[PDB]
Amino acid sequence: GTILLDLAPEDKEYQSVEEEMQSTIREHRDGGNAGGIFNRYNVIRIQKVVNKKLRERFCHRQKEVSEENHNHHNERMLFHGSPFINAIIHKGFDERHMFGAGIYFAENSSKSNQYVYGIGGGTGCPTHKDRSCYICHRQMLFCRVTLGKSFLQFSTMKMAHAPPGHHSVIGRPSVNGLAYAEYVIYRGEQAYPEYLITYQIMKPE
């Protein structure tokens, strides 16, 4: 099944992942209700997710998307937060579980952090029922996402699948619209859970 390889903090690969995670934190419109109040994360560990079958499924779909998009799969590295992280690293993303019934990714780690415990932070951490828990270790993924031909929009366009000839939907920010970008796929084989990040949000002074 799945192997989790720990990255060393002194390794450039670990530093690249942590840097992308910390530098993409932003202030949210809810003032921190969903994901908590913090300026920085405390990274516990970063693991690379290895699974032969998941990799086959992802590479097979990447080839189809490339053929349908002028020989360009159009991959982006993006964050994902959800209460299904354990099922994802063993079974892969599954669409069966704003732009409708898709799988959502963000370029801002703090946006994904808002979904780690569910919609609007759900009921918070399982132990303390705290959306802003500074104690419990959280996890998010930093994924390879096959976007192919993306359908860009500034406002809600609810769909069950990407529009004809397209492979993903992108919600772009605008004043009066979305605060931050979101990337949506409608097939789980269009994302690979490359990195598993275990962390805490830090309580500011």
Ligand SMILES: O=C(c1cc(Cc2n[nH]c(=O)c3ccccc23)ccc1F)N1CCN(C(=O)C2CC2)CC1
Given for the second form:
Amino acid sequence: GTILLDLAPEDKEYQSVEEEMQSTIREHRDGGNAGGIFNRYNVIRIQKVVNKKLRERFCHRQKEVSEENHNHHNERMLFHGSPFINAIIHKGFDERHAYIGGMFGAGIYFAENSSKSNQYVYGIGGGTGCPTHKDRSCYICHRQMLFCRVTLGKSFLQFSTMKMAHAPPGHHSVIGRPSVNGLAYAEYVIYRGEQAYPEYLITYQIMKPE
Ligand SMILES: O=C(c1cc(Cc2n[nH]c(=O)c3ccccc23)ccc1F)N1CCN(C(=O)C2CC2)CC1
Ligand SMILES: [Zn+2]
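Having seen the form deposited without the ligand, can you show the form deposited with the ligand bound?
Complete assembly follows, chain above in first position.
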């Protein structure tokens, strides 16, 4: 059973989440087609996801990865956008639904830039936008994204497409780094659902630039 705990805006924990969300917005190559046009979000609320069973699976794997990486689990807080956010907060991430179409193959994808995750909230390339207005740039409808704890362990650096089914030998994750001819922004990939915990559930709106 998942329990959603509201965080007060005056709480330093709420402020840290909003600060990372706002500060990591960037301009995307698609000129805002997938996620919309905006320089800031309006944060509606931030809830902590509490689930004992999911936490135990996460901590158990974190100990295993720590033992395989000279006692460093290498956790990072990263964003994830998905139309299936309800299933994620109740059952956790699931590699059985890993992104077949991804540049690093069938893994679970995360971004260090909140605006890159916002491109996936309504589907691949923003699908057809919000259910109500069918607008990928809707300023009215409340969106939701996750800010997750992700166990990276020994991360495998890549610049180019390399379709994998699992992390490479001796590794626990794959990080696609930006390059002039390749990625504009980073992407973090894990191949096991228990290497991520959906810590924060952010409800927000993109704001129309003035
Ligand atoms: O990893 C994906 C996934 C990711 C993407 C890409 C993606 N999605 N979301 C992001 O924030 C992101 C950031 C950087 C680069 C790519 C992304 C597309 C379709 C997908 F199925 N999954 C889909 C949602 N997940 C689940 O376990 C759902 C509940 C069944 C986790 C696995
Ligand atoms: Zn809308």
